Amino acid sequence: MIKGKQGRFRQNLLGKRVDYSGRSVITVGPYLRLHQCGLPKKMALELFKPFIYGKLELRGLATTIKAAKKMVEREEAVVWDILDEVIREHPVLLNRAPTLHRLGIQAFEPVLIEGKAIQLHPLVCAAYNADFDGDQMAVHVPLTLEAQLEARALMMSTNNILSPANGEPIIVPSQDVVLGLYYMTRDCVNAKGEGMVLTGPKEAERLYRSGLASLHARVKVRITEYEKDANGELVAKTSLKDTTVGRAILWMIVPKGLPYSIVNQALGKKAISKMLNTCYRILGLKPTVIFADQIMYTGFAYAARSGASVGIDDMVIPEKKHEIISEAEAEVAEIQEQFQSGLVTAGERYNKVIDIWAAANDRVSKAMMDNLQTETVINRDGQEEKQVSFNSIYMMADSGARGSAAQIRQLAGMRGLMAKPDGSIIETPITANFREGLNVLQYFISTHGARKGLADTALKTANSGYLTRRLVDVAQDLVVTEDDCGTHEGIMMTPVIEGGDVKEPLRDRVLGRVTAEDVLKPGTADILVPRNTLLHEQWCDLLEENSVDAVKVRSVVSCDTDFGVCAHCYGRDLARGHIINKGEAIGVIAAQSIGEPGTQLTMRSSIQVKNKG
Amino acid sequence: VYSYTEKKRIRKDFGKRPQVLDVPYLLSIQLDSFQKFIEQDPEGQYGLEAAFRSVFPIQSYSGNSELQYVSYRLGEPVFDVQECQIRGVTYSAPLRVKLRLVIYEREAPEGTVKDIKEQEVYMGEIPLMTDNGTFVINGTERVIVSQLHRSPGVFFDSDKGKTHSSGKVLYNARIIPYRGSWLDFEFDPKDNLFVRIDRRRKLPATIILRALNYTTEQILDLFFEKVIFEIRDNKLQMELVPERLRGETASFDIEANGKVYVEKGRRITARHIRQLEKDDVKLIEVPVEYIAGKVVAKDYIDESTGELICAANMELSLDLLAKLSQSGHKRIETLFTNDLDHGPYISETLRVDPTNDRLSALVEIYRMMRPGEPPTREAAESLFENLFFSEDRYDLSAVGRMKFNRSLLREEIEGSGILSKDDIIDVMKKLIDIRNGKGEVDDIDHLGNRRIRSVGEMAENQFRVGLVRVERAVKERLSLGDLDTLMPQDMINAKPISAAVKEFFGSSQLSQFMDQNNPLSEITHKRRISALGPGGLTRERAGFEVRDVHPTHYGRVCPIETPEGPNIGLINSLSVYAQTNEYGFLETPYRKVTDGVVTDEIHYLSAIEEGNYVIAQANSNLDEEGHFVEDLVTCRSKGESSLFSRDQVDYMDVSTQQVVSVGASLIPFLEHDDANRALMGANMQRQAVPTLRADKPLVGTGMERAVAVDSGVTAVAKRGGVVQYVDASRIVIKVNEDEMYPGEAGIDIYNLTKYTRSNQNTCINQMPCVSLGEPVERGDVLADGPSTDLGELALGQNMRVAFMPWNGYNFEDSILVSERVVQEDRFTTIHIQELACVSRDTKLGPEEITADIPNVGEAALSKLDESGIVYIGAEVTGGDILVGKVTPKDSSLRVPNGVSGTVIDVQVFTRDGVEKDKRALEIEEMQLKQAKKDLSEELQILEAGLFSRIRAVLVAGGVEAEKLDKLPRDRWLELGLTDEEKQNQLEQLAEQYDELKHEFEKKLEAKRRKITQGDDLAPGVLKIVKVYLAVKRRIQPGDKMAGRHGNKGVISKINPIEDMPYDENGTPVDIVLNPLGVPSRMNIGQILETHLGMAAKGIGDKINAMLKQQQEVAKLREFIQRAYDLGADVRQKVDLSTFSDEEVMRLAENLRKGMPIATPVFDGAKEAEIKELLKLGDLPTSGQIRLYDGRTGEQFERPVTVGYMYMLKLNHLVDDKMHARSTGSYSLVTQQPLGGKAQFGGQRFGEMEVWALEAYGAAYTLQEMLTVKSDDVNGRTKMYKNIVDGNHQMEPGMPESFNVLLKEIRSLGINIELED
DNA sequence: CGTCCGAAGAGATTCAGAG
DNA sequence: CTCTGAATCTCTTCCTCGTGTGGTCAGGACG
RNA sequence: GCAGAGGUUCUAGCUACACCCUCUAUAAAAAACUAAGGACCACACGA
Ligand SMILES: [Mg+2]
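Line by line, the protein sequences are chains J and I. Numbering (the authors' numbering) for the first sequence: 330 to 933, 948 to 956. Numbering (the authors' numbering) for the second sequence: 2 to 890, 915 to 1341.
You may find that some hints are simply not true.
Said to hold, decoys possible - Calculated cross-link-like contacts (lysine to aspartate or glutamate; reagent style DMTMM-like; alpha-carbon spacing at most 25 Å): (1) I/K1191 with J/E562; (2) I/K161 with J/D751; (3) I/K1303 with J/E677; (4) I/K639 with J/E677; (5) J/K649 with I/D842; (6) I/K864 with J/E402; (7) J/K649 with I/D199; (8) J/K649 with I/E1192; (9) I/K1242 with J/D464; (10) J/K370 with I/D881; (11) I/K864 with J/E405; (12) I/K1057 with J/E402; (13) J/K521 with I/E1222; (14) J/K370 with I/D842; (15) I/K1242 with J/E660; (16) J/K398 with I/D1310; (17) J/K398 with I/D199; (18) I/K422 with I/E631; (19) I/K1242 with J/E386; (20) I/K941 with I/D1004; (21) I/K163 with J/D751; (22) I/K1242 with J/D516; (23) I/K161 with J/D785; (24) I/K1262 with J/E402; (25) I/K1196 with J/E386; (26) J/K531 with I/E1222; (27) I/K1306 with J/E443.
Don't read these hints as lab results, they were simulated from the structure.
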């Protein structure tokens, strides 16, 4: 009864079943803002029954609590209005069942809806790692004023835009809105309403909605760009910038401070993430939240307008694919004949077959990619012009909305070698793509890897849960007790090198970390950075300008505080743009940040200088 | 030729490849196994009689009295399937066994018995399988899934790697009996053979050989080849054969007859071996050092005194050589040892072995098996002979013996069940050879090694357990009791064996609870093969290699259909064509292949058998003369795909669909979609819920008809004939004269089951599929069961689907559904929930069933009757009282909150001896009248059929037609006929008719007695009231919607019909799906399915237009003929000219809603064929139509993909999931939620949630969840009072769970205290 | 009516080569 | 001859929340 | 309203989480009203 999962500790002390908890499936509800979530009427009624009883007694409608319960059972009209009052400003916690990381549970300001399903705002669903497939989230209701205020200040979604694991925002557009933004931020060499000048974003939107001018067409527009260079002030810059109608429409959405360079590009998923990060760093949290909600609305609307449908004809089989397969067949036949004559051993024969099949796979992949993006041709008022593809599959892959290049290869190009359960590569790869008919033996070889991957996912989540538990338990004995440790010693930080291009630049590693010692400019005996200053975005960019190589950095290990970790030694919390607040639990944050990717983690001479220097 | 239902609607069939074998009866596995199990077998193998013959000696110890089995019969079940289901009693056939007891006169076993005693004893109540293949155990259907367990035999596991941490391989051999004690032999890292039995401590493997009474010298002879040394004056010249020289370097120069062949320190050449053989000299000079390394093979004793010069298996030394020379023995025997291959493993393990005699070995074995007990010589001998040499305690099955011999490569197939000494020594030799290098370790994952244990074998094993326990009891009783005192009935007790069988059937890991929501689910669950179960791998102990699909699973179990979750791959379903061998190994039908012709005859091949042969690809083109048009065809010979020549091929796949199961095959375009998505889709299909009306799948595999026919839900006509009468309750067929029996055939009557609850709370309703006067052929679908349309399994309703993002309402997997879907009730699914209120005998008086309840509204009481039970057919909502029950001094059953439905029927069961209430009496009398009327109508229908058969015969014999009319209808015997065979037939029919009148009155009386007698109830209850709620579940936001291809998503919003996008034709799309899902999860088939459904609906629309306007039958005829032709050649080649032009109109009437299309699983329609199908209709060949926004009205750029797709509503509805609760009843740990349950309670805030709050700067809310919300009684009460007061204040207190922990630690004797 | 009969690794615990 | 480093033998879990189904010491008669 | 009982209803209602009035040894002019207790193991399924 004491030890084990069934033991009283883990069952009833560490994690306790709680009251005021509601569970239901998830729904998108795009109309909701970021802090608001849909909540069924009956679910809010059941969850908020004590508050409803108290408000009923205060109103005088029911003299006794028993009368209030009878009123609730009758479900009369006055009960609904009372439920509206309590729900209006009382945050509730939305919590996905596997709470891998800190963002697993986030508060929301409930909005009463007619239905039986909870609606979660689309942007945060990526942060919740929640799909819309019978996924269910527990809904807990804070009771005390301390609790409601606590949820509003911390647990609420708008309060934590940045994931604790890394400074990159976690509410980044994921599937539909990113696709719509990519569709808006694209250029077609010939389209309706091309080559005309536009007064501003308002005129661009008016032209598109009227339909006389196409959504994506290169047009010179006037934009009022605002700069944050002025200290706590915005300065307007007016210029004629060549762009598409879609980009000009998108510009009115973004806040003033952000420059036009970010929206001028195609705005892939990484581009939108960088846009949100820059908005957070420059404009602040509230403009970032408003911009995120507005960008989600615009992405949804213009994706619906786009109608980026997936179709069989959308995928294209390479014309060179059959010839490549024939050439590979000739090569494998020659290697087989060499094996028969005994010129090549069985092992080297198998290795050569695998290598040439992989080379043919890469060739057919390149041919498929060229048939996707390069093959698209439409005139530029002249004879012929070549442009980037508007094919739906290539839009989905390139924008980063869904899938990757490898999956596009699997759909249209040759699938490639599929491994046997032992891990050894099968000699004969799956020639047919997923679009064409697939052979029975080919399907068997594929399902080998599929079942292997499913079992790997099961063991991955099991071991990831165990690792997260161990990480938390070695963690949680660390809080920020002391504001400043005042220790000179710290770890040296240099860009990581494995012999190739640097995996991580020095700036990203040193970002958010307080220097252990005052670093020096390349000019000798110059104090480029003071000893104890925190490294913000502008400061780090300045460090990139001077191109420093090694920066001594305060580390939690170097911190000598007893039973605690210095705030300056820890550095930026990464939850929000400042030095970590005193007292916050670094240990559990870090343990969850490490444990969370565990599911994504898989279960299983001479020296040449890259560049002159 | 086409059956009439096939004529009513014929699926257009793609796929050029013909099938040589029709799909077998899907439920043939379970039905055939149980049929073998119960069938009387004079041969007495693999049956109940086999178990009886195996265990009935019943020989009294020295009492000279024994009971011998003679025969066993299964009496007819007391209750029918419907009656036992409604009553809750198991559907069981009473087992009465005739047993004969004979008493030998004392002191003379050879003397004949003094007397013979004959009697029939009813022992055990055994469940009987229904025709559908499901046992009814407690009024709920149960089918025991077949168990995939490692077959008995000897197996060799490499165990490479992790053992010894040095990369060495540790070979082990396991002899696994079917029932008994495992025998395992293991190689140590030191290479000593150790034996471990039943996971005991490792013991030297030689010890058993001592227990085998084999002498040490005989052991060394068995496991080594003796090398002879002759005492010679020329320094002990030794007889050497060149064969032993191979594989070893020459430690010494080898010279014979003055010629040295291999020099000192020179590797021995095979040429040197051949030269020495050519010389052929037995004796070769050897030095003293070589014999020193050798080991003496057998004991040598001095002749003078008898003392042993050299101990057996003792290392030689120079002084030992001097002593043996002193002995002067001419023959000296030495073991052969080859370091490269022939290791002397027996020698070292013998040195390790501490026992030199049989008795000491037996003592050590007894100590290992029974530590803590003093060893006894006789006891140890009995223990060993019982462990391995006794049939009763150790048994190897016939399949086990065959696998054992095949692994040991012995010639004989069948042998003795008992393990024998020769078997053990052969196993050790095989293991030693494996260690040497000869042979290879077999794979446990190889499906040839893993047999399928069907329900029959498991029932036989449990019955044998009951029989052996009963046998021990009867042996104890018979010796004690005096002979001839009592008839041999009381000695046999039915209770132990009956309890064992009932325990196995009701409560077992393999006795899964039936999932009856879909006919596909019903067939899949019966066909399901599970590695879990008794005598099988558990989920945790299951290794990774077991879960992964081995290449031999091809055509035997479906690699696609495996349940995802804790048990992945362990529960893989049986493939469609697979059939179990008599030994239990899986067999796949394979076409015999002549060198140039694919011969039509099919030979079933086991997993081990297919390894020897080469099997052709299913997707291999045939010239129709049997020749492959391709000179080189891909094949699977050794489990790996490889090109092969035409002549090399020895076997060909029976069909393209043999690899996938019944569930997986139903997914169209299975070759096009990803394996993971196919797995998920096949899982989702079993979870679909039947709709109010079944709708045919416009795009289908073509196996839907087979699934519907083979499933038990569909009522199929036993004998073909015309339907004189069709009704919703019942269907009556007038049997054809040819197909009807010559006598007593009558006319067939079928009673369709109306709306009844399932094990998954889904309605089962057979709706008649034929009309009055419609001929029905043999083996034809009569009425459509759940999720069935025209004999085609129709799980869900297909509808127009458009792939496009719609303002994010279909974000990543979400699904948008039009208001039109709700309006026409396409996904409205009838859900039947049964609520039971039981009157329990209690202290202070029994609880009453009266209508009057203290402190209730009169309006609620109005719905109930006078007796206190809700009126049948009444409408009730959440919170209402269904039946009024008062606690002794309130306990009235109430509708669960949220549930709203109408009561289909109320059944009340009352114990014998307690008076039935007024409503119960009314229900009983109504049941009596209903059963009597149904029975009498059946009798008069049979009378009508009997007269009709007789009426046709009265024409012969001179009987006038008018004279017949005056004579009474009931009896026609009075009219005389000329004597003939027909006259005798009429006389026999008349006598049988009188006997049937008597049988009819007797059966009516018996049914009355069955209804009249009060139903048996659990002790402590007076009567049980069962009320069934029928709830119609409208499709609702949050419901789970899943296609067949695996795209699963919830319905985000019920968009209005006007808001929905519409094409230029003006039809709004019913469902809007997210295209972005398609590239990420490569279920590209759903897009191809969408295009094919679009083509089908286009053809259907053209046919409907041709039907809306009055059109010539010839025009529709030629149009449908063109549609069925469709360019590329197809197997069907259906001809419209055969149709009578009246069947054409009905076929078009069926086709107008949609055109069924049959797509083979792996030979399905190609893209070119789909394009041609679109071109045949008016619809674009591109498959994408310009679509106009419902709200804005502007047509979308980049025209979207719109087409009809099959979509299944999953039973995972939102209303069942929704569980919000403020406060609920607590547990004994006082944790208020009391577990997440359908009964009100709260969700768990587990460890990871607490970590999440801790990572946040959140502490107060965590403190609430820990104390004031969950387990602080004072805290909870004060919090509730404060909240209702409006002031939200918190008092921490201490969690009651913490005090529980403190008290539990105190109970351990550890002082834990709270410092002040 | 009351009343007595695989698997992975860590740690302890043998274990054993070598002066 | 007494420990050395090694090989063997023994604890200790091995995700995390739902929703439905079923099965669970059993004293037994006697003063 | 804090220890009990009575009252107009309906056996009993003294705050039991609980609904009205009276007083410290005595029972009625009076309408809205009433109930606080219960586990594990297996199977299947969703994530
Ligand atoms: Mg999900």
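Outcome of the hint check:
no., hint, verdict
1, I/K1191 with J/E562, "violated, 64 Å"
2, I/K161 with J/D751, "holds, 14 Å"
3, I/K1303 with J/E677, "violated, 79 Å"
4, I/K639 with J/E677, "holds, 20 Å"
5, J/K649 with I/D842, "violated, 83 Å"
6, I/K864 with J/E402, "holds, 19 Å"
7, J/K649 with I/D199, "violated, 62 Å"
8, J/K649 with I/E1192, "holds, 19 Å"
9, I/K1242 with J/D464, "holds, 10 Å"
10, J/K370 with I/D881, "holds, 21 Å"
11, I/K864 with J/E405, "holds, 22 Å"
12, I/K1057 with J/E402, "holds, 23 Å"
13, J/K521 with I/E1222, "holds, 12 Å"
14, J/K370 with I/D842, "violated, 42 Å"
15, I/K1242 with J/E660, "violated, 58 Å"
16, J/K398 with I/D1310, "holds, 15 Å"
17, J/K398 with I/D199, "violated, 64 Å"
18, I/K422 with I/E631, "violated, 54 Å"
19, I/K1242 with J/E386, "violated, 32 Å"
20, I/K941 with I/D1004, "violated, 58 Å"
21, I/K163 with J/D751, "holds, 16 Å"
22, I/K1242 with J/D516, "violated, 47 Å"
23, I/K161 with J/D785, "holds, 22 Å"
24, I/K1262 with J/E402, "holds, 22 Å"
25, I/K1196 with J/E386, "violated, 70 Å"
26, J/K531 with I/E1222, "holds, 22 Å"
27, I/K1306 with J/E443, "violated, 30 Å"
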